[PDB]
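There are 6 protein chains.
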Amino acid sequence: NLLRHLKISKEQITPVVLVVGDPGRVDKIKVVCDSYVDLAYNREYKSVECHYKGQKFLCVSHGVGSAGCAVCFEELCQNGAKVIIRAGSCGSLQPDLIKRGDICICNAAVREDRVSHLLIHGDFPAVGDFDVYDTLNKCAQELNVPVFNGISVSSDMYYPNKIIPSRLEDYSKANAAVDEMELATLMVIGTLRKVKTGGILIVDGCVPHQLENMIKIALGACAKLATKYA
Amino acid sequence: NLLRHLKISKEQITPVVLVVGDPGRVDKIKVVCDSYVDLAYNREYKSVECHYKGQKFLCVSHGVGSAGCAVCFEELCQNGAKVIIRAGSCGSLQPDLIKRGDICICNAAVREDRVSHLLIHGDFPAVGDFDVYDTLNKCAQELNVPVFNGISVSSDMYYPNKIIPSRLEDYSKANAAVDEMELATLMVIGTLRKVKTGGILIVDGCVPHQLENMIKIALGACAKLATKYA
Amino acid sequence: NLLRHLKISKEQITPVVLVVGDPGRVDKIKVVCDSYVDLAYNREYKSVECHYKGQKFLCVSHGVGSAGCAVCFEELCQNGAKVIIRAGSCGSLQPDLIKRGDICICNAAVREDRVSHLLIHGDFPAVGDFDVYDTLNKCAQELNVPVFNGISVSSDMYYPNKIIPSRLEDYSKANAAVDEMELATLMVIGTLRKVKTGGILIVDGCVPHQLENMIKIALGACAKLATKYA
Amino acid sequence: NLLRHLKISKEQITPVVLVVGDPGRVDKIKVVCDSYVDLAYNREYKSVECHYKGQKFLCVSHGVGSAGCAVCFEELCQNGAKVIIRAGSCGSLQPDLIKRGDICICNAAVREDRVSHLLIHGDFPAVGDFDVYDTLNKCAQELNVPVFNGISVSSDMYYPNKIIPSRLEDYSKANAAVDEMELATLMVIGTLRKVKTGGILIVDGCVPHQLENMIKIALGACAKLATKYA
Amino acid sequence: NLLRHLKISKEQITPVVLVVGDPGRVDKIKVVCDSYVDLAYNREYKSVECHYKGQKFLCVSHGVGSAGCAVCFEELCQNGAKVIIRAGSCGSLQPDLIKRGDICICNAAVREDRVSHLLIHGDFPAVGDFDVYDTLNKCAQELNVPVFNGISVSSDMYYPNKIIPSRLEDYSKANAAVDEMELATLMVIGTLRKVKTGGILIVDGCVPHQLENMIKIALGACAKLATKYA
Amino acid sequence: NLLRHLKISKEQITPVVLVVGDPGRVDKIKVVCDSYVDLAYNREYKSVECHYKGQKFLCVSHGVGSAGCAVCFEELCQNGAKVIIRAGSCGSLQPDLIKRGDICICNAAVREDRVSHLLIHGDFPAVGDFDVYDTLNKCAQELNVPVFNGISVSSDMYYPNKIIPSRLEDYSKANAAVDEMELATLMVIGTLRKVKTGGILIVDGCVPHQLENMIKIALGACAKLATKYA
Ligand SMILES: Nc1nc2c(CN3C[C@H](CO)[C@@H](O)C3)c[nH]c2c(=O)[nH]1
Ligand SMILES: Nc1nc2c(CN3C[C@H](CO)[C@@H](O)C3)c[nH]c2c(=O)[nH]1
Ligand SMILES: Nc1nc2c(CN3C[C@H](CO)[C@@H](O)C3)c[nH]c2c(=O)[nH]1
Ligand SMILES: Nc1nc2c(CN3C[C@H](CO)[C@@H](O)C3)c[nH]c2c(=O)[nH]1
Ligand SMILES: Nc1nc2c(CN3C[C@H](CO)[C@@H](O)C3)c[nH]c2c(=O)[nH]1
Ligand SMILES: Nc1nc2c(CN3C[C@H](CO)[C@@H](O)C3)c[nH]c2c(=O)[nH]1
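Chains as they are written, first to last, in the deposited numbering: chain A, 3 to 208, 222 to 245; chain B, 3 to 208, 222 to 245; chain C, 3 to 208, 222 to 245; chain D, 3 to 208, 222 to 245; chain E, 3 to 208, 222 to 245; chain F, 3 to 208, 222 to 245.
Treat the hints with caution; some may be incorrect.
Claimed, not checked - The calculated SDA-like cross-link candidates involving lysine to any residue, where the alpha carbons are at most 20 Å apart (straight line), are:
{"no.": "1", "chain 1": "B", "residue 1": "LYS175", "chain 2": "F", "residue 2": "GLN96"}
{"no.": "2", "chain 1": "E", "residue 1": "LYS196", "chain 2": "D", "residue 2": "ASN163"}
{"no.": "3", "chain 1": "D", "residue 1": "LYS164", "chain 2": "F", "residue 2": "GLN96"}
{"no.": "4", "chain 1": "A", "residue 1": "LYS175", "chain 2": "C", "residue 2": "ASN3"}
{"no.": "5", "chain 1": "D", "residue 1": "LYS239", "chain 2": "C", "residue 2": "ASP136"}
{"no.": "6", "chain 1": "C", "residue 1": "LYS196", "chain 2": "D", "residue 2": "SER168"}
{"no.": "7", "chain 1": "D", "residue 1": "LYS175", "chain 2": "C", "residue 2": "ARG195"}
{"no.": "8", "chain 1": "F", "residue 1": "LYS196", "chain 2": "A", "residue 2": "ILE166"}
{"no.": "9", "chain 1": "C", "residue 1": "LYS101", "chain 2": "C", "residue 2": "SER91"}
{"no.": "10", "chain 1": "D", "residue 1": "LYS196", "chain 2": "E", "residue 2": "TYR161"}
{"no.": "11", "chain 1": "D", "residue 1": "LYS84", "chain 2": "C", "residue 2": "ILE165"}
{"no.": "12", "chain 1": "B", "residue 1": "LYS196", "chain 2": "A", "residue 2": "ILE166"}
{"no.": "13", "chain 1": "B", "residue 1": "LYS196", "chain 2": "C", "residue 2": "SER91"}
{"no.": "14", "chain 1": "A", "residue 1": "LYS196", "chain 2": "F", "residue 2": "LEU99"}
{"no.": "15", "chain 1": "D", "residue 1": "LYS9", "chain 2": "E", "residue 2": "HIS7"}
{"no.": "16", "chain 1": "F", "residue 1": "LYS164", "chain 2": "B", "residue 2": "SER174"}
{"no.": "17", "chain 1": "D", "residue 1": "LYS196", "chain 2": "C", "residue 2": "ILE165"}
{"no.": "18", "chain 1": "F", "residue 1": "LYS84", "chain 2": "F", "residue 2": "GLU51"}
{"no.": "19", "chain 1": "C", "residue 1": "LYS58", "chain 2": "C", "residue 2": "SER91"}
{"no.": "20", "chain 1": "D", "residue 1": "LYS243", "chain 2": "C", "residue 2": "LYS101"}
{"no.": "21", "chain 1": "F", "residue 1": "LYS164", "chain 2": "B", "residue 2": "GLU171"}
{"no.": "22", "chain 1": "C", "residue 1": "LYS140", "chain 2": "D", "residue 2": "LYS30"}
{"no.": "23", "chain 1": "F", "residue 1": "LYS175", "chain 2": "D", "residue 2": "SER168"}
{"no.": "24", "chain 1": "B", "residue 1": "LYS196", "chain 2": "C", "residue 2": "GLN96"}
{"no.": "25", "chain 1": "E", "residue 1": "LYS196", "chain 2": "F", "residue 2": "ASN151"}
{"no.": "26", "chain 1": "D", "residue 1": "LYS30", "chain 2": "E", "residue 2": "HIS7"}
No lab work stands behind these hints, which were simulated from the structure alone.
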C-alpha cells in the first residue's frame with residue numbers, strides 16, 4: 003500500500019500538495035514553514051509534511067521532466083490529492099518584459115511533452131484551475147509582490163540541437179510568457195483526474224530574495240486552499 | 003477602410019465585443035439593451051452597437067463554424083477589439099450533471115478545428131482570459147443564476163458519421179463539460195492578437224427563461240469590462 | 003421533420019441543389035430564374051426553390067467556411083439531394099494566367115479543412131463528379147464563355163499570420179488553380195453520401224458581367240442535371 | 003542522356019505513354035498493336051514503341067508499388083511525356099457490385115503511399131485528368147464494353163498484418179470502388195509535372224476475354240489522345 | 003501453393019535468402035556460385051537456388067522500392083525464410099568520408115516508406131539482426147575488404163522536387179551513412195515475422224572490382240549462416 | 003565550466019560512463035568497484051568516479067523519464083563521453099518467456115518519448131552501438147549468466163489510463179522484448195552526438224542475485240570498453 007515511487011501511503015497524502023522539481027528545494031521550503039515532518043526520500047522524489055498558518059500540506063519533489071513528474075502526479079492524484087500547485091523555475095520568452103528574477107503565475111501551458119498525448123488527444127488544452135490561479139495572484143497581491151501572468155511552454159527539450167528548429171521563438175511570437183518542463187503535464191493529468199492545479203514560476207534565464228517571495232506566495236496559497244478541505 | 007466581411011469601419015469597433023453565432027440572436031439581444039444602433043448586415047455577419055448600463059459595446063454575429071467565425075474574430079482583433087466574449091449554445095458532455103437549459107462559463111477549449119492549427123502548433127492551449135471568466139462568474143453570482151464551469155469541445159463536425167469514430171466520448175471521459183463549434187478558435191486568435199476572450203454557453207441538447228438569464232450575464236459582463244476602456 | 007439548420011422539410015429538397023456562400027447571392031440568383039418560391043431563412047442558410055428552363059431546383063446559402071457549410075451539405079445529402087453544385091468566388095493561385103473576373107470549373111480540391119478529416123482519412127481525395135464537371139463545361143461552351151479548369155485549395159484560413167507559413171505558395175507550385183473555403187468539404191461529403199458534386203468559381207482577388228455569365232452557366236447546368244431526375 | 007532506369011533517350015519518349023506493372027504485360031500488349039519496336043529492358047522497366055491505328059506511343063512497365071513506379075513516372079514526365087494512362091489490375095472494394103473480371107475506369111485515388119507525400123502535402127488530391135477519363139469511357143462505349151467508374155485505394159501494403167488494422171473496409175464504406183498500388187502516385191506526379199493521367203483497371207480478386228477488352232480500350236484511348244500531339 | 007509473386011513453392015524456400023533489387027544482379031551472382039538452379043522469373047522477381055561453399059540458399063530479386071519489395075519479403079518470411087540479407091547499391095550521405103565504390107554494412111535504417119508504417123507504429127525501430135551484421139563484418143575482415151558501418155536512409159523518393167524539402171541533409175547531419183530504398187522495410191518486416199535480417203551496400207553516387228568484393232562478402236555470409244540450419 | 007545539472011567539470015568526464023535511473027543504485031554500484039570517488043550530487047543526478055579492473059569510468063544517475071535523462075546524456079555527450087551504457091530495470095513484454103529477474107541486453111528501442119522527436123524525425127531509428135552490445139553479451143557469457151536480447155519499448159507513460167489505449171500490446175505482438183523509459187532517448191542522442199551506446203536491463207514486473228549479476232556484466236563491459244581510450 004506504499005506508493006511505488008513516492009514511498010508514502012495514501013494516508014499521508016493531504017488534500018493540498020506543493021510540488022517542486024529539485025528535492026533540494028523541498029528542504030529549503032520545509033524550514034520556512036512553522037514545522038515539518040520528513041516522510042520519505044526515494045529516487046528523485048522527496049516528500050515532507052509541511053505545517054503552515056494552521057494548515058497541513060505535503061511538499062514533494064517531482065524531478066526534471068514530464069515523464070518523471072507524471073509518475074509523481076499520478077501517484078498523488080490517484081491517492082487523494084485535490085489540489086496540486088507547482089512552484090518551479092523557468093526561462094523568459096519575452097526578454098524585454100519578463101526579466102531574470104521575475105515571477106510568473108501561469109494559467110495554461112503548451113503540451114510539448116509525450117505523456118499528456120499518451121493520455122488524451124493533442125487538441126485538449128493544458129489549463130490550470132481558475133481558483134488556484136486566483137488564490138496565487140491574491141497572495142502575491144497581499145504580500146505586495148509584482149507578478150506576471152501568462153502561458154508556459156512546457157518542453158521536453160532542454161538542450162536544442164541544430165537539425166529540427168526549436169518552436170520556442172514561434173511560441174514567443176504567439177505570446178507565451180515563459181518556458182519550463184512540467185506544468186502542461188501537471189495540468190492535463192489534473193484535469194483528467196479531477197484535481198485542481200496551478201503553477202508559479204521564477205525566471206532564472208532565457222535573485223534569492225525573489226525566490227523567498229515566490230515561496231511565501233506558494234506556501235500562502237497552499238494554506239488558503241487547505242482550509243477548504245480541513 | 004470598411005472591414006471586408008463585417009462591413010463596418012475601425013472607428014465603429016468598441017473595446018468590448020459580444021459575439022454570437024446566429025444573426026437572429028443579435029436582434030434578440032439588442033432589444034434587451036437600453037438602446038442600440040444597427041451598423042451593418044453582410045453575409046452571416048450582423049453588427050449592432052449596444053448601449054447598456056452607461057457603456058457602449060458591439061454585438062456581432064459570427065456564423066456557424068470555426069473557419070467562418072475566424073474571419074469575424076480576425077477583423078475585430080486586428081481593428082481595435084480588446085475583449086471578445088462569445089455567448090452561444092452547446093450540447094452537454096456530462097448528461098447526468100449538466101442538463102438542458104443549464105449555463106456553462108468556459109475557461110478553455112479543445113481545438114478540434116483546422117484554422118487554429120494553421121495559425122499555431124497544436125500543442126498550444128485554447129484558453130480564455132481569467133479576468134473575463136471571473137467577470138462572467140461574478141455577474142452570474144450577483145444575478146443569483148446557477149452556472150457550471152468547464153472546458154468546451156469546439157468541434158468542426160456537427161453531424162458525425164460511422165467510419166471515423168467521434169472523439170466526444172473520449173473528451174467526456176476527460177471531463178470536458180460541453181461541446182460547440184467556435185470557442186477554441188476565438189481563444190487561440192485572441193491569445194495570438196493580445197485580445198482577452200471568454201465564453202458563456204447555454205445547453206440545448208447532448222428554456223427561454225435561462226436564455227434570458229444567460230443574456231443578462233453576458234451583457235452585464237460586457238458593461239463591466241467596457242468601463243476599463245471608457 | 004424540418005431540417006435543423008435549413009428549416010425546410012425533406013419534401014422541399016429537390017434532386018439538384020445549387021449552393022452559394024452568401025445568402026445575398028441566393029436573392030440575386032432567384033430573380034434570374036423564370037420564377038421562384040422563398041422557402042426559409044435561418045441563420046446564414048437561405049433556401050429558395052428556383053424554376054428555370056422547365057425544371058425545379060433549390061438554391062441554398064451555406065455560409066463562410068467548412069464547418070458551417072458541412073451542416074448545410076449533410077442536411078441536403080441525408081434528405082434526398084442527388085446533385086449539389088457550388089457556385090462561389092475564389093482567389094487566383096496563378097496570377098499571370100488566371101485573372102480577376104475569370105471563371106474556373108473545378109474537378110478536385112485540397113482538403114485544408116478539419117471536418118472532412120473527422121469523416122474520412124486524409125489520404126482520401128476531394129474529387130468532384132465527372133458528369134457534373136462535364137455539364138458545367140458544356141454549358142460554358144454553348145454560352146461562349148471562356149473558362150479555366152483546375153484544382154481549388156479549400157482552406158479554413160482566410161487571414162494568414164506570420165508564425166506558421168501558409169501553404170498557398172506550395173499549392174501554386176503544385177499547379178492548384180484557385181483558392182476558396184468550401185469545395186473540398188462538399189466533395190468529400192458528396193462522395194461519402196453518394197451525391198454528385200461540382201464547383202464553378204469566379205476570381206475576385208489573389222466584373223459583374225462575368226458574375227452574370229457564371230450564374231447563367233450554373234443555372235444552365237442545374238436545369239440540365241435536373242432533367243435526369245424529373 | 004539515357005534515362006537512368008528506363009534506359010531510353012528523351013527522343014524515344016512519345017507524347018502518350020501506356021504504363022503497366024508487369025513487364026510481361028508489355029509483351030502481351032505489343033503483339034495486339036499493328037506493329038512495335040522493342041526499345042529497352044532494364045530491371046523491371048520494359049519499354050516498347052507501339053504502333054496502333056496510325057499513331058505512335060510507348061508502352062512501359064513500372065513494377066509493383068509506388069516508390070518503384072514513381073521512378074518510371076518521373077523519368078517519363080521530366081522528358082516529354084504529356085499523357086500517361088495506367089492499365090492495371092485491382093481488387094474489388096464493393097464485392098456485391100464489382101466482380102472478378104469487371105473493368106473500372108478511375109478518376110481519383112487514395113494516397114496510401116509515401117512518395118506522393120514526400121512531394122506534396124497530404125491534403126492535395128490524387129485526381130486524374132478529365133479528358134483522359136472521358137476518352138477511356140468513350141472507347142469502352144464504342145466497343146460496347148460495360149465499365150464501372152470510381153475511386154481507387156492505392157495502398158503500399160499488399161499483405162496486411164494483424165497489429166495495425168487495414169483501412170480498406172473504411173474506404174469501402176467511403177465508396178471507394180477498387181484497390182491497387184500505383185494510381186495515386188501517377189496522378190499526383192502528373193499534376194505536379196503538368197502531365198495528364200488516367201487509369202483503367204481489371205478486377206482479379208478482393222477472365223482473359225475481359226483483359227483483351229480492357230487492353231483494346233486502353234490502346235484505343237492512347238491512339239485517340241496521340242492524335243492531339245502528332 | 004505457389005507464392006503469388008515469386009512463383010516458387012514453400013518447399014523451394016531455403017533458411018537463408020540473399021535479396022537484391024535488380025533481377026539482372028541475380029544472374030551476375032548465380033555464376034559466381036559453385037552451381038545454381040534457375041527456379042522462377044515473374045514480374046521483377048527472379049528466384050535462383052545458389053550452391054556455395056557446401057551450402058544451399060536462394061538469391062531473389064525484389065525490385066525497386068519499398069511497396070514492391072515488401073511483397074517479396076512477406077512471401078519469403080511467411081513461407082520459411084529464417085535469414086534475409088539485402089545486397090544493394092546506395093548513395094553516400096557522408097561524401098568526404100564514404101566514396102563511390104565503398105561498401106557499407108548497415109545495422110539500422112530510417113523508415114522513410116509507407117508500408118512499414120501500415121504494419122507497425124512509426125516509433126518502432128528499423129534494426130537489423132546483430133549476428134547477421136557480425137557475420138557480414140567478419141567475412142569482409144577475412145577477405146581483407148575495408149567496409150564502413152552505419153545507418154541507411156531508406157527513402158521512397160528517388161527524385162526529389164522543389165516544394166517539400168528532402169530530409170536527406172537532416173539525416174546526414176544526424177550521422178546516417180548512406181541512402182537507398184528498401185532496407186528499412188526488410189528490417190521491420192523481419193522483426194515482425196521473426197526473421198533475421200541484414201544489409202550490405204555499395205556506393206555508386208550521392222568500381223566493378225568493389226562489386227565483386229561485396230558479392231563475395233554477401234555469399235560468404237549466406238553460406239556461414241546457412242550452416243546453422245542445415 | 004561545471005555542467006549545469008551534473009555539477010561536474012568536463013575534466014571529470016571519462017570516455018566510458020555507466021548510467022542508471024536511481025541515484026541510490028549509483029551508491030550500490032560504487033561499493034562493488036575496487037575503489038571510487040564521490041564527485042557530485044545535484045537534483046536526481048549523482049556522479050561517482052568508479053575504479054574497476056584497472057580502469058576508470060563514471061557512474062551517473064539520470065532520473066526517471068526521457069526529458070530528465072536527456073539533460074544528463076546531452077551534458078555527458080557534449081563534454082567528452084565516448085561510450086554510455088544504461089543499466090536499468092524493465093517490465094517484460096513476453097511474460098511466457100522473459101520472467102521476473104531475467105536480464106535483457108538491448109540493441110534498439112521504440113521511441114515513445116518526445117525529446118528524441120524534437121531532435122530528429124520519427125523515422126530515424128533508436129539503435130545501440132554493435133560493439134557495446136557485443137561487449138555486454140560477451141561479459142555475460144564469460145560470467146555464465148543467461149541473458150535475453152531484444153528491442154525495448156521506451157515509453158513516457160508509466161501509468162496508463164483508459165481513454166487512449168496503450169501501445170504495449172501492439173509492441174509485444176511486434177516482438178519487442180521489454181519496456182522501460184529512457185533507452186530510446188539515450189540511443190538517439192548518442193547517434194546524433196557520435197557517442198556509442200548500449201543497454202542492459204533486469205526485469206522486475208510486466222531477485223537481488225540477478226541484480227548482482229547484471230551489475231557485474233555492466234561493470235565488466237565498462238572496463239573492457241575503457242581500455243580502448245586509456
Ligand atoms: N525548458 C526549459 N526549462 C527551464 C527551467 C525550469 N526547470 C528547471 C529544470 C531544468 O533545469 C526543469 O525541471 C525545468 C529553467 N530554465 C529553463 C530552460 O532554459 N528551458
Ligand atoms: N458541435 C456541436 N455544437 C453544438 C451547439 C452550439 N452551436 C450551435 C451551432 C450549430 O447548431 C454552432 O454555431 C454551435 C449546439 N448543439 C451542438 C452539438 O450537438 N454539437
Ligand atoms: N481562402 C480564400 N477564399 C477566398 C474567396 C472565396 N469565398 C469568399 C468567402 C470569404 O470571403 C468564402 O466563403 C470563400 C475569395 N477570396 C478568397 C481568399 O483570398 N482566400
Ligand atoms: N493493394 C492491392 N493491389 C492489388 C492488385 C493490383 N496490382 C497487382 C500488383 C500486385 O500483385 C500491383 O502492381 C497492384 C491486384 N490485387 C490487389 C490487392 O489485393 N491489393
Ligand atoms: N534513395 C536512393 N537510393 C539509391 C540507390 C540504391 N538502389 C538503387 C535503386 C534505384 O536506382 C533502388 O532499388 C535503391 C542508389 N542510388 C540512390 C539514390 O540516389 N537515392
Ligand atoms: N515504462 C515502464 N518502465 C518500467 C521500468 C524501468 N524503469 C524504472 C523507472 C520507473 O519505475 C524508470 O526509470 C524506468 C520498470 N517497470 C516498468 C514499467 O512497468 N513500465
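Checked hints:
no. : hint                : result
1   : B/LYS175 / F/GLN96  : violated, 31 Å
2   : E/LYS196 / D/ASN163 : holds, 14 Å
3   : D/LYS164 / F/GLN96  : holds, 18 Å
4   : A/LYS175 / C/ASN3   : violated, 49 Å
5   : D/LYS239 / C/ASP136 : holds, 19 Å
6   : C/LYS196 / D/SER168 : violated, 23 Å
7   : D/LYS175 / C/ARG195 : holds, 10 Å
8   : F/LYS196 / A/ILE166 : holds, 17 Å
9   : C/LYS101 / C/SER91  : holds, 13 Å
10  : D/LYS196 / E/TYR161 : holds, 16 Å
11  : D/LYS84 / C/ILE165  : violated, 39 Å
12  : B/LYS196 / A/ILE166 : violated, 28 Å
13  : B/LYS196 / C/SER91  : violated, 31 Å
14  : A/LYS196 / F/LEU99  : violated, 39 Å
15  : D/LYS9 / E/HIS7     : violated, 25 Å
16  : F/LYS164 / B/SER174 : holds, 12 Å
17  : D/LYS196 / C/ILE165 : violated, 32 Å
18  : F/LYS84 / F/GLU51   : holds, 16 Å
19  : C/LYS58 / C/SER91   : violated, 24 Å
20  : D/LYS243 / C/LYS101 : violated, 27 Å
21  : F/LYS164 / B/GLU171 : holds, 12 Å
22  : C/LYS140 / D/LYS30  : violated, 38 Å
23  : F/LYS175 / D/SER168 : holds, 16 Å
24  : B/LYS196 / C/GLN96  : violated, 35 Å
25  : E/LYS196 / F/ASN151 : holds, 13 Å
26  : D/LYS30 / E/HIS7    : holds, 18 Å
Of the numbered hints listed earlier, those contradicted by the structure are 1, 4, 6, 11, 12, 13, 14, 15, 17, 19, 20, 22 and 24.
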